[PDB]
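Below sits a lone chain in structure tokens, taken as the form solved without adenosine-5'-diphosphate.
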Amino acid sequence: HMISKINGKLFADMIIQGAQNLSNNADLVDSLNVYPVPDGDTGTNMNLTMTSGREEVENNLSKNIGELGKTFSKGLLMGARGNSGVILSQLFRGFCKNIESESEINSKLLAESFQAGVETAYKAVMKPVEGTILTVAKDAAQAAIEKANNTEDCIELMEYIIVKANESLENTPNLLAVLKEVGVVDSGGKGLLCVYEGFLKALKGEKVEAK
């Protein structure tokens, strides 16, 4: 089985399964956070952000991926909350901007769209802290760009993205002393990986069940 092109219907499903997988793990993500500051529970905030995106998408489906991305982007903007939820919205509003003109995308454009999200979030900060959700997103996009050059199949691509995203996540305690000593990976990066894992599920035809 393989995926050569992703249209608005499949992207909508990726968004839905990614959001549900993140929602199932939101309490986990919150509990990994070393800095549960006021209104700063990472799992809660990323879940609110992603779910607002999900809800807009579910009420305005479209087979044109660019139009669906604009709907996703709108929901992300309204839902964005917290440091990690805002970064999540920059990553995916940048992603959606990169496909706004398209009706479907191939593996190369999928990878370029992840990269466009990373560049958005980096353009919006002056020297970001390594060891955070941004680091995981950066390494995931780098992987996507490397792999897309000789993989037409978006399933195989997304699996690779997840493997390397997970490597980056597990390495975040080596970038920040506080994570190594507490003994946890970065919570925002964990939440991001939950979204990616749901994307793969959608690409495989599979449903994330509600916890």
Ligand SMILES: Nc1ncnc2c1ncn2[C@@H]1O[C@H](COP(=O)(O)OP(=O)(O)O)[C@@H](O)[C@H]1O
Contents of the next structure:
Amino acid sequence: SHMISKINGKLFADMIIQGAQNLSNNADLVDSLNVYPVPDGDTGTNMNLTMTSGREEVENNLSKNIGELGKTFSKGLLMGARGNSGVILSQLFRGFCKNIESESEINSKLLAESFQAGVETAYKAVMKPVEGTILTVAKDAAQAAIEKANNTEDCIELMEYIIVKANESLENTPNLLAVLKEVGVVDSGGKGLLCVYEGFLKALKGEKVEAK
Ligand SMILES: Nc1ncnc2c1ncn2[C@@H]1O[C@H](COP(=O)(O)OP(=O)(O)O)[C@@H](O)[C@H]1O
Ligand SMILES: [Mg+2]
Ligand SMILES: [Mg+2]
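Let's see the other form, the form solved in complex with adenosine-5'-diphosphate, since the form solved without adenosine-5'-diphosphate is already up.
Entire complex below, previous chain first.
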């Protein structure tokens, strides 16, 4: 009754919009977690402003064609990327959207492959990648996506599993990055990414994030 076998451009737009709203609602929390590389209190603000730049382009130029919608989202992120986290987020989504540029809709396997493509783009963009960060969480989420999509057609079930595994990775970040364990926090960039992913899931279920 509620399975998602294909994601068109409007469903992707909904994922973007609900992910952006969920991040906005949690931006102050994500800011306060920020300790790496400097505790300058801005991860949530940076990611929120970057995501908002993408969301605004999407809201003004919707399409049934997921590839075209992805081009619109990607351009918005890339012209408004703020801070280390916003730049990395924009590169994750640049690679994700490039992977689907020629599609009108995608299935669960192409969704998983697009997460992986985003990870590859983001790691290549960062000259000195550090583990325990948004890169680690994205990498572990994408590996989970590939494994699960191999026998899961339903994108809701797939995204639920991605979130379980992304949360496990996020909770493991202090075991990779010393300052996180010393201060007693998880990685702020990774937390912001989880906020986006949890909005993706709401949209796949046809639900909306309540605006704080
Ligand atoms: N070298 C790096 N490798 C991977 N992720 C990084 C790196 N540097 C920063 N990050 C990510 O960026 C987050 C901090 O984002 P942000 O506060 O926007 O950065 P800044 O304020 O230093 O520009 C970190 O929690 C981490 O997820
Ligand atoms: Mg900063
Ligand atoms: Mg910061």
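Each form is matched to the other, and the largest set of C-alpha atoms that superpose within 1.5 Å is called the rigid core. Positions refer to the first chain, counted from 1.
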{"property": "Mobile residue between the two forms, C-alpha criterion 2 Å or more, rigid core, from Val37, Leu61, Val163, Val182", "result": "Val37"}
